[PDB]
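Encoded as structure tokens, the following chain is the form deposited in one PDB entry, with no partner shown.
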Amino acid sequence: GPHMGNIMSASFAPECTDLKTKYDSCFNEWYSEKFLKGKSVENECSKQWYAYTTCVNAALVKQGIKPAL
């Protein structure tokens, strides 16, 4: 069934939770279309992936646990 989100990650970067939900949903929809239905479709979710990933990276850098440059 559905695999829940990470509580520690959400607690560390709550401002990224909605972006994560949107990315996970996009990816699941894409995977269903291509690998469950076997339909040759465009790659998807690059934008949703970027939004979430950048949000997480920004949080790590802001808290001083990831270098900026």
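Between two forms, the rigid core is defined as the largest C-alpha subset superposing within 1.5 Å. Only residues modelled in both forms are compared. Numbering follows the first chain given and starts at 1. What changes on going to the form deposited in another entry:
- For residue 29, the Cα coordinates differ by under 2 angstroms between these two forms after the core has been superposed.
- Relative to the superposed rigid core, residue 61 undergoes a CA displacement of at least 2 Å between these two forms.
- Listed in sequence order, the shifted runs between these two forms are 9-12, 35-43, 60-69, counting only residues present in both forms whose C-alphas move 2 Å or more over at least three consecutive positions once the core is aligned.
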Second form
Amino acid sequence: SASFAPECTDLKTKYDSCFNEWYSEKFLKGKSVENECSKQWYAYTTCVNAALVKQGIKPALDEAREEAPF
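Write the structure block of the form deposited in another entry for the protein whose form deposited in one PDB entry appears above.
Next comes a single chain, given without company.
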């Protein structure tokens, strides 16, 4: 499963793997709400945001993130 920015893909995988364990084994079992994946998350999201800055879509994404569909 690739990131839209290829330099972020291996970082995404590591974050996704950590989240997947946390989600199944902790969140759904009501055993945690802490960010136990913060290391993998902040590394990944740093790589993504650096990439998004140069992306034409960024303003449309920023707007979309303010809306509340639910």
